[PDB]
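*Asks:* Letter by letter, the chains look like this.
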Amino acid sequence: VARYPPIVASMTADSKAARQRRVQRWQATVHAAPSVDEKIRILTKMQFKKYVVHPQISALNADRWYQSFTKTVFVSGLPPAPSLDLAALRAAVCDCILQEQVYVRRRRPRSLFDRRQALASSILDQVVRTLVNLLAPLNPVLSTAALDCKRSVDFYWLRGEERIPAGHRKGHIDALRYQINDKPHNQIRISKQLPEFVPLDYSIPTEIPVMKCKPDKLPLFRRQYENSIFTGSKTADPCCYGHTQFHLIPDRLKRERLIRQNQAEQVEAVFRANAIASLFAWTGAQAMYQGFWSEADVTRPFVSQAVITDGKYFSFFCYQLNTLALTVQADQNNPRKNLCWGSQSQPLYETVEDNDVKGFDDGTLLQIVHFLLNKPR
Amino acid sequence: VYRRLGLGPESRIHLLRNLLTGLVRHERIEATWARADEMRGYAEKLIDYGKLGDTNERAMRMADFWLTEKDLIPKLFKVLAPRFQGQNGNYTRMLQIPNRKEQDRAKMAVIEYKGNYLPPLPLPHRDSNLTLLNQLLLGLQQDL
RNA sequence: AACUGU
RNA sequence: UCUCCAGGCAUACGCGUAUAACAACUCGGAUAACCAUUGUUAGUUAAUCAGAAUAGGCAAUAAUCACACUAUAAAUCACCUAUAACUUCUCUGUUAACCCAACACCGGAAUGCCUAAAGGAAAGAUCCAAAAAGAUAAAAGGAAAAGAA
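Chains Y and Z, in that order, are what the protein sequence lines are.
Mind the numbering: the first sequence is residues 41 to 121, 129 to 424 in UniProt numbering, read in order.
For the second sequence, counting from 1, position 74 maps to 87 in UniProt numbering; every step adds exactly one.
Everything labelled a hint here was simulated from the structure, so no lab data went into it.
Among the hints, erroneous ones may be present.
[Claimed, not checked] With a straight-line cut-off of 30 Å between C-alpha atoms, the simulated DSS-like cross-links for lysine-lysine are:
id : chain 1 : residue 1 : chain 2 : residue 2
1  : Y       : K111      : Y       : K264
2  : Z       : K88       : Y       : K56
3  : Y       : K56       : Z       : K83
4  : Y       : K197      : Y       : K281
5  : Y       : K217      : Y       : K111
6  : Y       : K79       : Y       : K197
[As the list claims (entries may be wrong)] Which chain Z residues stay away from chain Y? Per the calculated CB distances, all over 12 Å, these:
id : residue
7  : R41
8  : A76
9  : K91
10 : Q148
[Stated by the list, open to error] Selected chain Z positions facing chain Y (Cβ under 10 Å, derived; list incomplete):
id : residue
11 : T68
12 : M75
13 : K83
14 : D117
Even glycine gets a Cβ: it sits at the ideal position worked out from N, Cα and C.
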């Protein structure tokens, strides 16, 4: 009858094991937080210097670097898988706003450079509004959906660790902090989770990108500010899920300038980097709203889709979130990984002369129609 | 009857506690002569607690408090205590070592746990009986 | 007045 | 690894290489270990962080979760009408344990976030002198507790 005490490190010692034991005590308290809001506050109450991640960035292989920070595998192509007169939607998609850009009179921009960019925003907003109404009868989900215009989505995640090279804290171990802030042109928020495109724990031979150099070597800077995880709306909003996300690439990153800059190959990278960053951050926030965090991985896969357009070409991306444990401690033994499916950007039309649109491609619209018609089972 | 060490009486216990824990793990520790003598008494008394038995609640409480590392508690009852069951005392051996060349010239001594598997220390050897003086005394012994 | 090595 | 202590991280300002690695052990640290010293070499990466046209016409009604509601200390360019210009990402800031006090001075030093997950060590060794200082304990007694004027 020997009551041997557990063979564990002393809590009050100044050592790695003792510090780890103290860390566990705090992490136990996080597990003991009843409300989801309390969990977010505890995780973000302390502000520390962290990498600032831009969803749209010109860095080479930024999508690959983002995947390494996110643990996302990007498979090329779309994810594995009521008549409406597709021809009627070829025009009900409102070439009328393409007709209105020639009719609707508005005060000329002073800059003279934003004229092109302003035109693209007007058409996209009008097209989105009409499409939601046109597709509402077929898919009841669209009726209950919430449409967000140029609102911010934020996610804060930790992956990896680093050793301080110098200073008063030289040699101390600190985690690599990342923050993603995105403002999608449009996104749709629904109260019900979308249907999964593949069962959770799905495994493929492809491997996540690995980065040899430090994040700072690629242009990236750390700053200390509030840590935020946002789905595009507060937790009080009933629509804690979403249907689709819409993005518009700026003129600087458009194909013509990139080809002149010799970064023609990076056109797809810009599409991928924005899609992965926007969808992962947006998907991650949704899971946190459900109470799933790093030490409590999601029990159900979280899926989302987003479309990125350069003003003429349109690309479709689908993301599935499988792991919320991305920290070295939380991801120490995790077999699950995040999966992203993307498609190449395709033109939606050719030109708009006179007062009509010529060269409109229904195939891209069909993907939008096919995407919009999808609903949870 | 007690040396003044550390910053306070509790520190002495903690300092003694740390020294006792270190000795058990390694079985041979080098420290200042004054400190080594102070900790020698505690080490011998602890072995008596180990001999008392594992099931003894007081021994378990004493072992837990004195030994910070809990892996040592099985060792005391299954290594240290069984080893010295035959012996009635003198469990610890303390010997003088040349003073430290650390600019303070403190008195240095080595305290070791007897019966250990460590290499034998260079202990002093008494004069052999073959010496002329010893032989003469032996002759006196034989005559008597 | 109490309080206390005043 | 253990014992114990509990203002930490960013920016501003100032400082200006004190940063990091190597090599030295003479000088600097009011002693060593080790460097903050000596010599040599390296360093801080930004379209997102920070810094670096003109002439007329015309404006009554604070804020305080701004609604009610009052008050007194009385508290916010725009937009129109004409003229002029017509395709753009360079330059500069980014190191540090750092500053002002003759000093590696127990002093002074703004803001934001947070309160330990961050950040730290009172023991150069021995002795247990007197005397002195600080802290703790008081048998009986109470000027030889927090109550009144």
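*Asks:* Hint by hint, say whether it matches the structure.
*Replies:* Each hint, compared with the structure:
no., hint, verdict
1, Y:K111 to Y:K264, "holds (20 Å)"
2, Z:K88 to Y:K56, "holds (24 Å)"
3, Y:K56 to Z:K83, "holds (17 Å)"
4, Y:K197 to Y:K281, "holds (15 Å)"
5, Y:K217 to Y:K111, "holds (29 Å)"
6, Y:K79 to Y:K197, "holds (27 Å)"
7, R41, "holds (23 Å)"
8, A76, "violated (9 Å)"
9, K91, "violated (10 Å)"
10, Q148, "holds (57 Å)"
11, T68, "holds (5 Å)"
12, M75, "violated (13 Å)"
13, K83, "holds (5 Å)"
14, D117, "violated (25 Å)"
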